[PDB]
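Between the sequences and the hints, there should be enough to build the whole structure, so can you do that?
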Amino acid sequence: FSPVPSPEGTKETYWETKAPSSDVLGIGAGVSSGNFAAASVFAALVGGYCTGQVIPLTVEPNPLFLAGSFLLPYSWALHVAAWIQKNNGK
Amino acid sequence: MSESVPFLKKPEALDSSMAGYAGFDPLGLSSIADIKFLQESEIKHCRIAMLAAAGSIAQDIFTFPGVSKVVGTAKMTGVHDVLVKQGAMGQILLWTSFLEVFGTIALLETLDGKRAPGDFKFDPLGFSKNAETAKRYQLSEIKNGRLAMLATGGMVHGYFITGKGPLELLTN
Amino acid sequence: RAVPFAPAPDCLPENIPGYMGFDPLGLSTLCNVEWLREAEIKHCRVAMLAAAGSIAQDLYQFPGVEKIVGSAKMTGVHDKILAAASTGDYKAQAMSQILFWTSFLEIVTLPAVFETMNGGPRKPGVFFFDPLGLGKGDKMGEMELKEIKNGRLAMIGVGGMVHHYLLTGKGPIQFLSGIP
Ligand code: CLA
Ligand code: CLA
Ligand code: CLA
Ligand code: KC2
Ligand SMILES: CC1=C(C#C/C(C)=C/C=C/C(C)=C/C=C/C=C(C)/C=C/C=C(\C)C#CC2=C(C)C[C@@H](O)CC2(C)C)C(C)(C)C[C@H](O)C1
Ligand SMILES: CC1=C(C#C/C(C)=C/C=C/C(C)=C/C=C/C=C(C)/C=C/C=C(\C)C#CC2=C(C)C[C@@H](O)CC2(C)C)C(C)(C)C[C@H](O)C1
Ligand SMILES: CC1=C(C#C/C(C)=C/C=C/C(C)=C/C=C/C=C(C)/C=C/C=C(C)/C=C/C2=C(C)CCCC2(C)C)C(C)(C)C[C@H](O)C1
Ligand SMILES: CC1=C(C#C/C(C)=C/C=C/C(C)=C/C=C/C=C(C)/C=C/C=C(C)/C=C/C2=C(C)CCCC2(C)C)C(C)(C)C[C@H](O)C1
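Residue numbers (the deposited numbering), protein chains in the order written: chain R, 41 to 112, 114, 116 to 132; chain j, 38 to 209; chain k, 47 to 226.
Please note that a few of the clues may not be correct.
Partial list, computed: chain R residues near chain k (C-beta under 8 Å) [stated by the list, open to error]:
(1) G74
(2) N75
(3) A78
(4) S80
In silico SDA-like cross-links for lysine to any residue, where the CA-CA straight-line distance does not exceed 20 Å [to be verified]:
(5) j:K47 to k:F160
(6) R:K51 to j:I69
(7) R:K132 to j:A50
(8) R:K128 to k:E161
(9) j:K47 to R:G70
(10) j:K46 to k:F51
(11) j:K46 to k:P167
Rather than coming from a laboratory, the hints here were simulated on the basis of the structure.
Note that CB positions come from ideal geometry on N, CA and C, so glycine has one too.
Structure, rendered in structure tokens:
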């Protein structure tokens with residue numbers, strides 16, 4: 041009804057192709073599909089290892105293993123970005 | 038290809054004009070983040086580390102009058118704990134934070150592209166008016182800072198293992 | 047074609063180095079050829095270090111390792127060093143350093159494999175590491191296929207050396223010397 045504002049740098053992201061344009065990756069638009077795939081596996085293994093090392097949680101958990109455990114969900119987003127980049131030819 | 042690493046491709050974001058360019062970015066971190074931000078951060082890390090490495094050696098060589106009572110034996114990281122209890126560390130933090138607030142404004146100007154990164158126009162004694170000497174001095178600053186970053190980590194880890202401190206460990 | 051009975055797969059290029067056409071089960075079709083080549087070259091280099099290490103360990107030991115390691119051992123050495131590292135000994139932290147440096151090298155050589163798979167200028171296996179320049183300088187000799195032949199020998203040779211000492215207490219030099 042009036043112009044709806046968006047932050048500067050807003051671009052069009054609507055896609056009907058096989059994979060979205062690399063712009064949907066934000067700052068990761070230039071990273072290669074191999075680099076996301078290797079980061080995906082690396083984050084999955086390190087995150088799973090760190091998660092496993094603190095499954096019986098104590099009052100003294102290792103903070104590096106807590107922080108490293110956040111790599112498991116981050117790896118999901120990494121392999122999605124790897125599929126997007128492989129299907130954009132990157 | 039890259040001058041540093043022959044097998045890998047040349048990093049796209051990095052250019053020869055920028056000081057301390059070896060074409061070294063195998064993981065391509067320069068693509069992910071704005072290069073101007075990375076340049077400003079690298080220079081800042083270099084200067085803090087340079088002060089840190091010189092200070093680490095200096096504290097072994099000599100200590101300021103009256104400091105010895107407050108710091109009984111602790112060196113490197115250990116001194117910080119005692120001076121944190123006393124007022125030294127807090128007063129340094131306060132004045133550095135005040136400097137950084139203006140540094141935040143400077144960082145914004147560098148990110149916009151208006152101002153060259155890492156330059157605060159601080160040349161109290163003229164050393165870079167030649168415009169040929171300036172570039173050599175800039176390369177010297179980058180290389181010395183990189184060495185000091187590596188050195189600061191190297192020294193502190195030796196303190197962690199033995200507690201000797203940089204010069205004492207070399208003697209024994 | 048090494049075996050005329052089983053044909054060489056078309057996907058395998060004749061031009062690529064080290065090609066004897068021995069792919070009876072045609073495993074080349076299943077996987078990317080460039081990645082398969084890189085995996086082979088990397089496997090050969092790691093295996094070559096492992097087998098010489100087995101021979102050298104018996105003949106020479108670095109000073110002071112004798113206390114931290116059993117007098118004759120192979121994989122036992124790895125377990126012994128790890129046992130002292132887990133114990134908390136400062137001195138026996140060799141495994142972490144080897145792991146860290148090899149991992150760091152692998153991390154920074156990671157883009158190379160993907161870049162070659164995208165048709166990048168570097169061929170598989172060439173990291174341009176020839177400081178001396180003598181071995182690969184100018185035209186070069188048959189050393190390019192020599193690495194592959196010695197590496198394949200090293201792979202099976204490591205398998206033999208490791209598998210012996212699993213059923214026996216004998217080491218590589220000892221088992222070669224006396225055979226029961
Ligand atoms: C990252 C840098 C860093 C850090 C965190 C510390 C931290 C500390 N130092 Mg060390 N020190 C440093 C650098 C550093 N120092 C440098 C560069 C030197 C000279 C080579 C020294 C020499 C030194 C001695 C001799 C002693 C300490 C001591 C101490 C402790 C008490 C604070 C004090 O009195 O310092 C005082 C430190 C100084 C006055 C030196 C600062 C000089 C630098 C070059 C500041 C330059 C500012 C610059 C000119 C302005 C640039 C502006 C630009 C950004 C626009 C504290 C843990 C004391 C201690 O407990 O020792 C065991 C002590 O006796 N420092
Ligand atoms: C996969 C390979 C492998 C593995 C896991 C081990 C592991 C081990 N060795 Mg063995 N070793 C190896 C290869 C290997 N070694 C090789 C290749 C040799 C030389 C022929 C030796 C000779 C050797 C001796 C003499 C001793 C050990 C010992 C040990 C133990 C302590 C670490 C140590 O001092 O090693 C030391 C190993 C070396 C110094 C060999 C380094 C050779 C390098 C890798 C050659 C690099 C060439 C080239 C320039 C590198 C290219 C870089 C490029 C990839 C970028 C540990 C279990 C010690 C022990 O307790 O045994 C009972 C011991 O005394 N090793
Ligand atoms: C039989 C061993 C052997 C051979 C013939 C080769 C040959 C080659 N390699 Mg490979 N390589 C090997 C082992 C070997 N490599 C191992 C073990 C490693 C890991 C450290 C590597 C890592 C490696 C990299 C990273 C690269 C090469 C490259 C090359 C090529 C050019 C450089 C050159 O001429 O090297 C000549 C090498 C030799 C003649 C090896 C000599 C070893 C000595 C004489 C004998 C072994 C000593 C050993 C320590 C044990 C001694 C006895 C012990 C049992 C007591 C060439 C095809 C480069 C390439 O293809 O691009 C240019 C390249 O980038 N190699
Ligand atoms: C499965 C992986 C495996 C590999 C890749 C492999 C390769 C080689 C090579 C290639 C480099 C050589 C040259 C070689 C030579 C001998 N092997 Mg062999 N070998 C493997 C497995 C086993 C097992 C399970 C045994 C064994 C034996 C022997 C004996 C007999 C000496 C004897 O009769 O005592 C000799 C000479 C037996 C032995 O160890 O007897 C205690 C026996 O148990 N091997 N072996
Ligand atoms: C004049 C002035 C200016 C200024 C300024 C300033 C303050 C400039 C200062 C620059 C400095 C402080 C440079 C210091 C670098 C230190 C290095 C490279 C460390 C090397 C140590 C190594 C390799 C080691 C080690 C060690 C290991 C790790 C463990 C130990 O157990 C043993 C050991 C010790 C061997 C500016 C530019 C602001 C403007 C204007 O012009 C006015
Ligand atoms: C690349 C290159 C460089 C380099 C380098 C390096 C490190 C080159 C190293 C090359 C190496 C280490 C080659 C070793 C191969 C080992 C073999 C074939 C062993 C087979 C064992 C068998 C068959 C057995 C056995 C048996 C016995 C004895 C014991 C029994 O218990 C078991 C069993 C019965 C099975 C340099 C530095 C030159 C620079 C250059 O610019 C580029
Ligand atoms: C904790 C604590 C404190 C503190 C503190 C401080 C000062 C902490 C600072 C820690 C630092 C600076 C660590 C840096 C480590 C550098 C590394 C790992 C790089 C290694 C190089 C590598 C892997 C490869 C290098 C490479 C080689 C070899 C070949 C390839 C090329 C190259 C890249 C050159 C206090 C002060 C609060 C006190 C408190 O009571 C306790
Ligand atoms: C330190 C560590 C460990 C470890 C470990 C290690 C190092 C384990 C290594 C295991 C290996 C290499 C097993 C492979 C065995 C079989 C081989 C090599 C057969 C090759 C020949 C074939 C297939 C045929 C070839 C052929 C011939 C005959 C001629 C015709 C052609 C062809 C058909 C090609 C443990 C496990 C001890 C545990 C410990 O806590 C931690």
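A quick look at each hint next to the structure:
no.	hint	verdict
1	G74	holds (3 Å)
2	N75	holds (7 Å)
3	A78	holds (6 Å)
4	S80	violated (12 Å)
5	j:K47 to k:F160	holds (15 Å)
6	R:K51 to j:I69	holds (18 Å)
7	R:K132 to j:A50	holds (16 Å)
8	R:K128 to k:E161	holds (13 Å)
9	j:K47 to R:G70	holds (14 Å)
10	j:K46 to k:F51	violated (43 Å)
11	j:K46 to k:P167	holds (9 Å)
When the structure is compared with the earlier hints, violations turn up for hints 4 and 10 and for no others.
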